[PDB]
Structures are given as structure tokens and as C-alpha cells.
Amino acid sequence: XXXXXXXXXXXXXXXXXXXXXXXXXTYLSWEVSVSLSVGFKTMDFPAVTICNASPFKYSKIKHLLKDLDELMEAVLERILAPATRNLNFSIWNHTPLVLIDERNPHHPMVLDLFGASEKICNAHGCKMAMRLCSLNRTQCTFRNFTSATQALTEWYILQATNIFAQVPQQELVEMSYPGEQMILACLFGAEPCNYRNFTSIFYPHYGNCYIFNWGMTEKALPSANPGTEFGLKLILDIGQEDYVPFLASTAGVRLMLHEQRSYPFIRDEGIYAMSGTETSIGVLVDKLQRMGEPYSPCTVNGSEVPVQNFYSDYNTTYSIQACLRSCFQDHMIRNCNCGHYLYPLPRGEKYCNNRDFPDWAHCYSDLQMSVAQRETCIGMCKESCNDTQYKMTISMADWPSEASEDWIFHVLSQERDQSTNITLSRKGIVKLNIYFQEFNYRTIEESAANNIXXXXXXXXXXXXXXXXXXXXXXXXXXX
Amino acid sequence: XXXXXXXXXXXXXXXXXXXXXXXXXXXXXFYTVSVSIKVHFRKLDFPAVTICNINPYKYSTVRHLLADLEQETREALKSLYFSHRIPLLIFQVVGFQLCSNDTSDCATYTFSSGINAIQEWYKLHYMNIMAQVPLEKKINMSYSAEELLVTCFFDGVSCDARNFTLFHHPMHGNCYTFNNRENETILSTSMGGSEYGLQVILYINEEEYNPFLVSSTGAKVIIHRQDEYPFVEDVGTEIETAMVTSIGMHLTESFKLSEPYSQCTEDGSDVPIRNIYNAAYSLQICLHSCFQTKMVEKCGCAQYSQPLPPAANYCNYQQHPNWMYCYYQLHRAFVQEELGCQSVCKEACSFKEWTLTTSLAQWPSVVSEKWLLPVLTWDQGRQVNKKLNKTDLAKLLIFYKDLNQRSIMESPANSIXXXXXXXXXXXXXXXXXXXXXXXXXXX
Amino acid sequence: XXXXXXXXXXXXXXXXXXXXXXXXXXXXXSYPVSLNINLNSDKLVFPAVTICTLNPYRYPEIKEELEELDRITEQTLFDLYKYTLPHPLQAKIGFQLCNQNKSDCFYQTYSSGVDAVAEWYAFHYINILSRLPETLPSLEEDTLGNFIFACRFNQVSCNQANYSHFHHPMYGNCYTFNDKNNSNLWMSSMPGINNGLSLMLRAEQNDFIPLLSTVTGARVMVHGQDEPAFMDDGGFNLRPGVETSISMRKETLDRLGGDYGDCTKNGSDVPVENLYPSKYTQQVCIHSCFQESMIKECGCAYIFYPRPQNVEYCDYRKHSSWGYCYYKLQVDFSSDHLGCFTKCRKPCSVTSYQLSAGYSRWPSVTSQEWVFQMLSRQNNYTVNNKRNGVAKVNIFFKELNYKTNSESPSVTXXXXXXXXXXXXXXXXXXXXXXXXXXX
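If you read the protein sequences in the order shown, they are chains B, C and A. For reference, each letter of the first sequence is one residue, going 48 to 129, 136 to 168, 179 to 542 in the authors' numbering. For reference, each letter of the second sequence is one residue, going 49 to 129, 154 to 163, 200 to 551 in the authors' numbering. For reference, each letter of the third sequence is one residue, going 78 to 106, 111 to 164, 183 to 190, 223 to 543, 546 to 572 in the authors' numbering.
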């Protein structure tokens, strides 16, 4: 049956062809295997970013927004408990706060003057809201609010943003918190650190911020010992009586943790540190090791993203949140050719002002509360292979003692020796203590399972086993 | 062909070894699972945030319910420093004599500190006095939806108490839960950060606490998903009243497989344990469910902290003398395997868990007391009596940090039979060696 | 031509005989690893809780020598700040640190006077505390009737609690409740606050020394059972006057030994001597070679870590170059010059505790009328209108299970070479029949 054996020769190769698809499906599966390594090793100390909720000094900014602060007390006068000489209605006519009544569903009525007979809607049907009018009093939307406490605060942010946009940037740094005033005592454990070792980023909404170290200024400082005595120890001096009284309600100070060479994102990842306490923070190094771009979608370099990065002025590295903030400014320019103040302005453009673009109040807030606009940037920009999170353990205890209250405040009462003003807030200083914990490594590394053995050579010898089986009957015929 | 019956037989014996090696790795890979860790970006479903106040029913309201208990409590404070079935004795040890109807085995209690021994006597009577109160009377006496809730912000849309639901709890009064409504789209976050999280400003009255139930002040918050029970009995992350407590979280998933693998169930199909909570299956819910099953059969009544089964009503000391020793009798056997809830009930494969990283600061500043406090007095239109103190206005921020869904899945190597082609070729090769041994045997 | 197409035709059906024997040999040219996630439902055996203070308790022996430090401190702060010892500090204020017969001196400078004085006092008080007679204390001062008001775990007391005691030279008094391994150890039946640990601590507002004890809180730190109370790792510094709900999430690690990875099951084959009386960990190699490196370099033993019996602790009157001996080695240890990170391996039994927090003020306005009247009649505690000194601590388990990161070896595909072995065994044999088929 030599002719019948030839028909089975194609059938035996058919099973090899059927198993050949399995070898192709394995290689296109791109399977990885995770692995764990937990233990303390020599890791560089992470960059500690210091910010504050109050962006500027109120005693050095009062001539900028004097008309707005006088206008704010007139709004609080009618709402709490009922003449304005110079109220400056042009600021009020930018975004006038309106009133929506839902007592009558058949006919809603409004009363929108706002500067027991002059009380305003203490019931449940009242909804104090805003209007956004783009040169037309019939296309005015309503940003609805139901509690009038922080609705006035969110109104105050947008009115201040229109003020800080026309102020030039270099002049605006000097009226923020200085490096010598905000932080005074810096301790590392082995080497001293001053204000000069810090560098500054003018973040537009929280003012002047400071970071401990980068790779841009000097080399990183490694710490190869777990200990609260080692690591960064900071003593802050915060002017609680020098806050902006309406923009920043929270009196705490901002402490942040991020990568060594990266732009510090401020409202993406930041924890509060309480005044009068020792914010004791034990850090972790939570790393994710993506195994390349064909196994999992990743951008290890950052050139794969079509959207240009507007964070190249600080010369940082690629990150996740750099796409979502740069595109939302870029989607603003394609709709309204003027830049928003809270994001870094592109080169050659201009911050958006009411003197040049009165449509700023509606063009920004409509894109802000748009789910489909924000969903576009999520699927457009990709992820990053060196994903590094920073877990932390925050515990605090009241730092200044009853024995040192007569003692330790007198030492700080002359290291700020200036001929103009000194801050002596007894309950406005912050003790900090940042240290490595016992086990810092919580890493997820991925090994490649697509070898040449199991994916190709395994199917090769298996097909050869069937191929030798065809020669097995041939050897018996030759015997 | 004398050597031909050993030459092909050597290939036949090697075939069976090749067939066994393609079979030994076949069954082993069938039970072999792999850990798949992958984090991706999408619209994260915001979890059901439950706000529970540690303050019970209003102390000015509960006077005519508990006038007899506070007179008995202050009388014992004078001597040491409704019925009288369990007076406290002196052993310097303050304790009790938890006796049954028969005094052959009377349970004992030994304690050292007087400040913590006076609270535990008050917690005992509090379970039973409010047990005889009907559930319709518990709603009017506890916190309403407008008292605890002041400001409800979520992604710019100003929510209210109409989105919160009335979830009554016997240990904390009325709890209110955000993003948990029937026939409603679950709200989802879109941008990470504390700006577009759940921004809640709370309020607890300072002069209206219960001075013997709990000494501490501050509402508790539980992060949990929609279908599961919140379980605010034991788990709790308390919030300081005077100032802000911001909470960051992360969505960590956990997927396992039940039937060919490590044991689970998805709806309790393996055990006859009736789910009293009417929630999704978990290991915590199943332990409390089998406890109240054996409690009604043995003690004859249901615990006040646990919800009501459809069998019977609550427990009461003036109605039943000996349920208290019966309640302590189960916990002596619940530690060991006498009840068998560890043996009968299984675990749960699919469950989520959030890691809470808190941070605190002063929310009323020294330059905000002139304007922030009177507006919050103005906003609370129900309780306008005085200016609100800053030690009563707790602010809560719950938000995703960087919008990361760290998912851990389990997928076997032999999922579809096309992946078992390496074992299928080992079987055909071993069968090819089975046609050589019999061929060499005859010749 | 005919013979050339016949002799070369036998090399076309025999070339695959070594093609799957060399490529497969180059393929494997290693121990594979694998990971499994199991949720072991155990009985939740309760770990040890180390409770320490935040004030160094001065001794009556050192009391005649501690007041001389305050005499120099008052003299220094009146001169440089307007408010003998061998090392005077003088300015930017700093600190001179020299070696025996050496002109170069590391100037321990500081930016501000707060951390300068707090570290200048952390060089004398830390050093003169080594002059204590290491004996059993003849007068037992039980501060558990003063420092801890209530020990409440699973609704009982802690009168029969075999507690360990050691005075930390930087933080002060300490207490650990579960260093023993007897039958009366603690375990958590149900993950409840009422079924967990409940503590009430007296955080002392008036400190014994205002120079070193610049905090008034209280330290709460959990660890293992045989593991030591390390306490430089860090724990919960807690505000006096609030209740803290400490929830734990146990995350353990189980790996393979030396057959697969770089790990040891027990500290037996390591070259570093087990200086602790505890079990093996990572700190028992790093912080013991660093102790023995001080023995090799100088004649001093370090005070924050335990001491072998063949040497005493170091003193500046005994060895005037101790501060140079510690500062030069610490900056040399971080550069991995001693190689102690490479000599000792990692432990295969790693048990870390995830720690979260929850804060709430412990007295109410109704409690300040009643509790401070109750507490003053019990353990003689006066009230302070500025701050509240007591603090309530609640150790708590989040849920019954705990995530086990157990590492597992691979199945028994490294046997493919053996599969290719029999495949190549039937390759050369079948190739001979192809050439003999022509005949």
C-alpha cells in the first residue's frame, strides 16, 4: 500500500499544519509572567515637593484685587444678614451670580441683582447658580449649585483667574511665598541643606513651590539605611494670618512625592500636612516593570504620542498626566485661541483675558464639564513602562511641647530677623519627617515566555515525531 | 527479523515514554494557573460611599426613652466612685456575673480600668431598650437627610440628599450612601485628583451627644462597592470633626476561579446558608449569616446589631432572661470548629478592595472664621439657632489619585483546546509507538 | 553527475537529525520561577504591639551629670542666641568633629539653630547614657499603672500579661506584649474593634528633658512575633487627645530557597553573626555587620543596637574619636564599600504590615465634664486646658484573610530536550533507511 501511504503522508502533514497555527497563536499571544522582589536596597531618595493652598502673600497683593475684596464683603452682607460707593460692577458684570427658584414649576422666576424682608431663599427649592453668556443674553447656560457655601468660592476662583492672567509672570513671583520665609530649617541627617539647594516652580494656582532634589540641578542623594533619624527632616513656617482669605480655606501645607526626574503634579498626587504636628511619613517604592511595547501597550520614551508636550520648558521626562493636561489646553486653543491660566502657556500665545476675549467664561467651562472631550485624551495618549507609585504611611503627633514653647519659639524669633516684618505664629509651623520604611521594594517584573524552544522547537520535534512515524512504517517495509 | 523485534521495539518503548511525557504535562497544565497583572485606563466606577455618624439618636429626643437608665448609671457612679437583672459587683476589679437560669455555670467578667468598664455596661442596655422601639419610630428620632449633609459636590454637579438613600443601622442611626440607587446609572469619575472627587461637608451637633455610649466624636466612612453590604459594624475610618480628612484610594481587583480550582461560589449555590443581608457573596457576610441561623434555633431570638431574619424578632432581657448567657455560649464555640461555619462555608473568588491613604489639615483657617462659619450657619436652614462652632464641621474628600485600575486575573495555560496542541501531538506520537510493539511481537 | 546527485541526496534527509539537537541545546542555553496568589483563611493570630514613649526617661544616676549639659546649653544660648564639655559649638552655626592627631575635621554644620541644638544634645546625652551599670534594676518602677490606663484585647484585661521591657536610649520607655510564645498568646477571633486591641495611653505633656524630647505624642508600632522591636523602622506617632483606629492589612511573602533564587530559609549559612536573640531578617545582617565594623575600626560599641558581652559601649572620655569613627563609616556604608548588602542574602519569610489610619477626637464637650472627673479619681491625672494628654489606640484587622505572595516552582517545559532526545534517536536511524532505499 505505497499509494495509500502517500495519502496518509499529507494527512500527517495536515495535523502538523493544524498545530502550526497553535505555534503562531502562542507568539501572537505575547504572554508574560509576573515576579516579586521585596527587600531593602540602595534607592535614591524621592523628590519632595512643597506647596501651599495659599498661593500668595496677602500683605503684598492687596493693591491687585482691592476692588474684588470690597465686592466680596457686599455679597456676604445681603446673604447673611441685610450702600456701596465704589463697588466696580464691571468685575461683577463679567460673570453675574444668578438665582434660580423652583417653587413654581409652571413659571420659574429669577432675581439676579445681588448688590426678614431681604432674606434670599432659605427654603429647599432655591438653587443659587451662575450664568455664562457669550455675547448673547439668550444663550446663557447655568452652572447649577445647590449649596451657596463653596459656590461663592468657585465663583471666586474664576474671578481671580481673570485677574492673575493679565498680571505678568515674572512680577507675580515676588509677591508669592519666598524660599527664606516659607521654609527655614532643613535637615537631612548627615549633610546640611539650605534654601539654595531648593529650586522653584511657579505653579500658577498654588504660587511658588519648592522641590528637594532633581537630576537637573545636581545628582540624586541616596539613602541606604531604614530610619526615622535618617531621611529628610523639615521645619516649615507658614503665615496662617497671611493667607488669601477667600481663595484658600484649608490651612494645611502641601507635601508631595513623585519620581526623581519628573514634573511634580500637584493636584494629581498630593497629601496634606498638618500645622503644629510632626507629619511622620514612611515611604514605599511601588514600581511596575512593563515588558516592552509588543507585549503590552506602552511608551517608554514618549515619542509615540502625536500630541506635543508643553512641559519641555522645565526639561522633565515623560509621564502619564502630562498628556491629559497638555491636550486639554490644546483642545481649548482649537476652540478658542487664548490660553488658560492654570495650565502652562505655549510659546508665542497669550493668557486669556476679558479685555481681549470675553468668551473665556463659557468656552472653558463647557469643555471642563464635558465627558466626551476628556474621554478623547484618555484613548489618544498611551501609558508608560516605568510606572512608579509611592505608597506612604502618614502619622502625626503634636510637635511643640509645653516646655519648649517658651524655648523653641525664641530661636525662630531671630533667624527671620528682617527690618520690615517677622512671622511669629505660635500655631503656624509644620514639623516634617520623611524616611524609608523596612521593605521599600514592591516590584512587578515581567519575564518573556516567548522563547524559541516552547514556541517553535517544541512543535518542531513533535511534528518530527510524526514524521519519523511515517519512516517507522517505511523501516519495517525495508526490514 | 530477530533483531527487528527489538530495534522497532526500542522505538516503540521510547514512543510510550514520549506519549507519557506528553500526557504528564497535559493534566498538569490543566490545573496550572498564571497570575496576570495589568492596569489600564477607563471610566472608573465610583464606589458606594456610605457616611455613618458615630453619634446615635438625639440625646434631647431620647430622654423619655432612657430616663430610667441614666438615673441608674449616675447612682452607680456615686456608690463606686427595665429591670436590675445584672448589677455590677466588686472583685480593685469591676466586673459582672453573667449567670444563666441555672447558676451551675455563671460566666464571669474581669476588667481593670473604670473608664472603660462603665461604657460596656451602658452598651448592654442600649441594645435592648431600642430593640422594643419599632422601626418606624427609629427614623424620626435619628438623623434626617438634611442634618448630616451640607455640601454635596461631585465633578461639578451639585448633588443633594435626594441622591442619598435611607440605610438605617442599629449602631449608628441613619447612614446615607452616595452612588447607590435602584434603576440609576452608576456615577463614574473621569479625572483623577481631589478637585473632582466626592467633596462632602458634614455636621454633628456638639451639645447633643450621648455621654455614656461613645466618648469620641466624628462620623465614619466606608468605601465599598454597590452590590456588597457596607459592613459598618466593625470596619471604620473615623473623621475628625474640627477639620478636614482627605482620603485617597485605589481600585485593586481580585479574580479567581471556583469550580475546577480553589473553592468559591458566586450566589451561595454550594451551601444552604440563607443570605440575610441580601447582598453579594463574601466571606464576611457568610460568617454572620450562619451565626444568626444557629442563634434563633438555640437562643430563640436575634441579635440587635445584626439585621432581622424573617424568623423571629430581636432579643430582650425583660422578655428573655437567659439569652445573654446563650449569646456568650456561641462565641466560646465560634472560635473553635463546633459551629462548622469555617468548614461548611467557602470563600469568594471575585471581590474588590480599596487601599485608603488619608491626609489631614485644618479646614477652618484663622482668616476664614469670619466668613466660612456664618454661611454654613445660613446654609443649614433647619437648625438656625446660633453661630456654628468650627469644631463641628467635618469636611471629607474621597477621590482616585492617578486613575489606575490594578487588576489581577487568573487564566490557565490550557484555556482552549488549540493551546493543548503540544499535548495533542504527544498523544499521536505515543500512539504511533503503540503500533510498533504489537508489530514486532508477531514478527 | 549521477553519483554527485546520489551522494549529496543522503545529506538532505539527515540534516534535521542534529538541527533539532543543536537549536534546542542553544535554546535552553536556568531555574524558572512562578507566582501564585492564595488567600489563606487562618485564625488571625494577633501580632505583637510595641508601645513606646516620646520622652527619654532620665536616670537618677545620670541626674548629677545631666544638669551639667543644661548649664552649657543655657550658657551657649545666652551668648549666641540671647536666651567643661570637650566639643563646643561655634559659628551659620556648626559643630567641630575631629580625630586623634588629625588637622582635617568634619564641620557638622546646620542651617538653623533648632536642629543644631537638637543634634548637639543628641551627641552628648546619647554618649553619656552609655555609662550606666548594665545590671538588673533593684527598684522596679512599674509605669504600666501610669502610662497605660487600659489594655483591652477581645473584651478582657491584661493583668496576667507577660510583658517585655527595654528602655530605648533615644525614645525612652518601651513595652512589648507578645514577645513570648506560650499558650496564652493573643489571637483575633473576629475582625472587630470590640474584638480587637483597645489601648489608652498617657502621652506625657511635661517632658523630662526639653532638649531631646521635642515631641509630646506616643508611638504605636506593630511587628512580628519572633522579630525584634526595631523601632527605628517607624510606627504611628499619634496626637494626644484623639482616638486612632489603626487598621492592618497583612501582606506576607513566601519564596524559594537557594535551589531557584537568591534566598535563605534560615540564617545559618550567612557569614554575618546573629547578634540579635531574635530570628533571621534583613535588619539582622545590615545592623549587625555595621555593629561589628565599629569593632574592627575602633574600640567602641554602638548604643542604639545591642552589644556583645566581650566589649563595653563607647564613651568620649574613653575614646575621644568616637564621633569621627561613626561619621566616617556612615558615609562609607552608603557607597556599598563594606559589601554588607551583598554578603547577607534576603530572608524567605518576609511578613510586612500595611498600615492605614483613621482619626477622631477622643473627648467630647460632655466627656470633659465627666471623664476627667472619672480619670482623676482613678490614676491621679490632672486636667490641662491647653491640650489633652491622653490618647486612645485601637488596633484592628480589616478582614479575615490576608494576601499571601507565595512563590512556587515551575511544573515538574524543560523536558522538551528529552522529548527532542528520542526524536533525534529516531532521526538518524530513519535517515539510514532513506539512503538504503535506493540500493
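For the record, the hints were derived by calculation from the structure and aren't laboratory data. One or more of the hints may lead you astray.
[To be verified] What follows is a list of derived Cβ distance ranges for each label pair: (1) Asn-497/C to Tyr-358/B: 36 to 46 Å; (2) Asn-378/B to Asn-291/C: 30 to 40 Å; (3) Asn-291/C to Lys-282/B: 41 to 51 Å; (4) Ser-507/A to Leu-206/C: 22 to 32 Å; (5) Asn-497/C to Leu-111/B: 52 to 62 Å; (6) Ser-296/C to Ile-396/B: 54 to 64 Å; (7) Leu-111/B to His-112/C: 41 to 51 Å; (8) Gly-389/A to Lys-231/C: 14 to 24 Å; (9) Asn-386/C to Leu-111/B: 58 to 68 Å; (10) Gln-481/B to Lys-311/A: 51 to 61 Å.
Even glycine gets a Cβ: it sits at the ideal position worked out from N, Cα and C.
request  = Quick one: which hint numbers does this structure break? Sort them smallest to largest.
outcome  = 1, 2, 3, 5, 6, 7, 8
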